[PDB]
Every structure is written in C-alpha cells, then in structure tokens.
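Note that one protein chain of the assembly has been removed; the remaining protein chains are unaltered in position.
Labels run A, B, C and D following the written order; every chain starts at residue 1.
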Amino acid sequence: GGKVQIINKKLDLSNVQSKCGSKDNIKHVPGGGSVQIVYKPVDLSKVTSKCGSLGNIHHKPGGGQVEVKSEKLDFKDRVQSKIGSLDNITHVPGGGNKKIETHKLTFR
Amino acid sequence: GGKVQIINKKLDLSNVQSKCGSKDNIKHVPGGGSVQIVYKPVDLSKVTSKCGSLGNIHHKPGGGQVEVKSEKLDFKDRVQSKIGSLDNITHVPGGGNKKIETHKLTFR
Amino acid sequence: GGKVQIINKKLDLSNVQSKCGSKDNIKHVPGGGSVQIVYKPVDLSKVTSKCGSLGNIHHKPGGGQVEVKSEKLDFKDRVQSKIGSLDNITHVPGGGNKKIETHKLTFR
Amino acid sequence: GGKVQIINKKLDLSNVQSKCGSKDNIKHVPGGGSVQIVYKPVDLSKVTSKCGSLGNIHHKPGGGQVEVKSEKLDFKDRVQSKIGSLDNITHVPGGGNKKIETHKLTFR
Partner (left out) sequence: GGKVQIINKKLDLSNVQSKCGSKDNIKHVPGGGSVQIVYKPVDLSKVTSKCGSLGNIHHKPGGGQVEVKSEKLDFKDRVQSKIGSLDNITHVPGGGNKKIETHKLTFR
C-alpha cells in the first residue's frame, strides 16, 4: 500500500521576494556613422524564492509509468546587416557643443 | 491501496512578491547615419516566489501511464537589413548646440 | 482503492503580488538618416507568485492513460528592410539648437 | 508498503529574498565611425533562496518507472554585420566641446 502523510500546523511565513531588474540592458551606444546591434539573448534563468514550500508529491509504487519532460530549442537563424558606404556625417548627441564642422571637397 | 494525506491548520502567510522590471532594454542609441537593430530575444526565464505551497499531487500506484510534456522551438529566421549608401548628414539629437555644419563639394 | 485527503483549516493568506514592467523596451533611438528595427522577441517567461496553493491532484491507480502536453513553435520568417540611398539630411531631434546646416554642391 | 511522514509545527519563517540586477549590461560604448554589437548570451543561471522548504517527495517502491528530464539547445546561428566604408565623420557625444572639425580634400 504505502502512505505519504504531511502535517502543517501553526506556520507564520512572510516577506518572500523575487526581483529581476535591468537584465541584459544596452544603454548609451552612440555611433558616428552607424550602429548595428544583433540582439538575440536566449534566457532560461531562474530567480526563485522558496519559503515553507514543497515539491511535487508522487506516490507510484510498483508502476511501469513512463514520464518524459522534454525541452528542445533549435537555432538556425540567418541575420545579415549590411551598409554599403557612409561619408560626410556630423553627429552631435552631446549637449552644449559649439562649432562642430565637417568638410569634404573633391576635385577631378 | 495507498494514501496521500495532507493537513494544513492555522497558517498565516503574507507578503509574497515577484517582480520583473526593465528586462532586455535598449536605450539611448543614436546613430549619425543609421541604426540597424535586430531584436530577437528568446525568453523562457522564471521569476517565482513560493510561500507555503506544494507541487502536483500524483497518486498512481501500479499504472502503465505514459506522461509526455514536450516543448519544441525551431528558429530558421532570415532577416536582412540593407542600406546602399549614406552621405552628407547632420544629426544633432543633443541639446543647446550651436554652429553644427556639414559641407560637401564635388567638382568633375 | 486509495485515498487523497487534504484538510485546510484557519488559513489567513494575503499580499500576493506578481508584477512585470518595462520589459523588452527600446527607447531613445534617433537615426540621422534611417532607423531599421526588426523587433521579433519570443517570450515564454513566467512571473509567478504562489501562496498557500497546490498543483494538480491526479488519482489514477493502475491506469493505462496516455497524457501528452505538446507545445511546438516553428519560425521560418523572412524579413527584408532595404533602403537604396540617403543624402543631404539634417535631423535635429534635440532642443534649443542654433545654426544647424547641411550643404551639398555638385558640379559636372 | 512504506511510509513518508513529515510533521511541521510552529514554524516562523521570514525575509526570503532573491535579487538579480544589472546582469549582462553593455553601457557607454561610443564609436566614431561605427558600433557593431552581436549580443547573444545564453543564460541558464539560478539565483535561488530556500528557507524551510523541501524538494520533491517520491514514493515509488518496486516500480519500473522510466523518468527522463531532457533539455537540449542547438545553436547554428549565422550572423553577418558588414559595412563597406566610412570616411569624413565628426562624432561628438561629449558635452561642452568647442571647435571640433574634420576636413577632407581630394585633388585628381
């Protein structure tokens, strides 16, 4: 037969917190001619807080059970970022700048 | 036969929090000519708070059960970002800038 | 036979919170000539708060049950962003800027 | 037969915290001509806090159970970032700069 008996009496549990913040952040990236960002993170992380908890309760004596838990990820991505040419560019993302000049003269 | 018995008496549980914030953020990316962002994150993360909880209760003695939990992801994406040419560009995303100039002269 | 017995008495549960905010945010991306964003996130994440809860209760002694839980995602996307040419562009998304000029002279 | 008996009485559990912050952050990357970022992190990390908790309870005497937990990730990504040429670029993301000039003269 078998028996799985769990008794819980007079439990006072409190202040269980799980926080994730500013994860995988790309900030303040200025490019004078161009910015090329290929942003492909694969995230299977865990931020877990457990307090007075239990897992799965399985009672299977003498069983021919087949339990399969599968998780398959296939990545065959094909990403192409292409720019032919850039010239004669003034980029001022800063503040309070004076007399910013770019000159290009061609003679043939 | 078997038995799965769970008794819970006089439980005071409180302040269970799970927070996710500013995840995968791309901020402040100025490009003088161009910005090319391919933004393909794959997210299977967990932010979990458990307090006085339990898992699945399974009572299957002597069973020939087949339990399959499958999760398949296939990625064959084909992304192309293309720009032929850029020239003669003034970009001022900043504040309070004076006398920002770009000159291009061609003589043939 | 078997038995799954659960007793819950005098439970005071409170303040169970699950928050997701500002996730996958793209902000402040100025481009002088162009901005090309391919925004394809795949999100299967979990932000979960459990307090005094339980999972599924299964009572299947001696059963030949077949239980399949499948989740299939196929991605064969074909995205193309193309721009032929750009020139002679003044872009001022900033504030309080003075004398921003772009000049292009061609002589053949 | 067998028996799995768990007794929990008069448990006061509190202040269980799990925090993840500013993980995998790329900040302040200015490029004079170009910035090329290929951002593909694979994250299976754990930030876990356990307090008065237990794992899975399995009661399977004399069983021919087959339990498979699989997790397969395949990465065959093909990412190409290409730029043909850059010249004659002034990039001032700083503040309070004066007399920033770039000159290019060509004579044939």
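Keep this in mind: a contact is a pair of C-beta atoms (placed from the backbone, for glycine too) under 8 Å apart; a residue touches a chain by one contact, two chains touch by 3 or more.
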Could I get the residues of chain D that touch the absent chain, sorted low to high? 1-108
In terms of residues, what is the contact footprint of the unshown chain on chain A? 30, 32, 45, 50, 55, 94
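Definition applied: only the chains that are shown with their structure count from here on.
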Larger contact count among A-D and A-C belongs to A-D
Rounded Å distance between chain A and chain D, as computed from the means of their C-alpha atoms: 5
Please report how many Å separate the Cα centroid of chain A from that of chain C, as a whole number. 10
Mind pulling the residue numbers of chain D that touch at least two other chains? 43, 53, 56, 89, 91, 93, 95
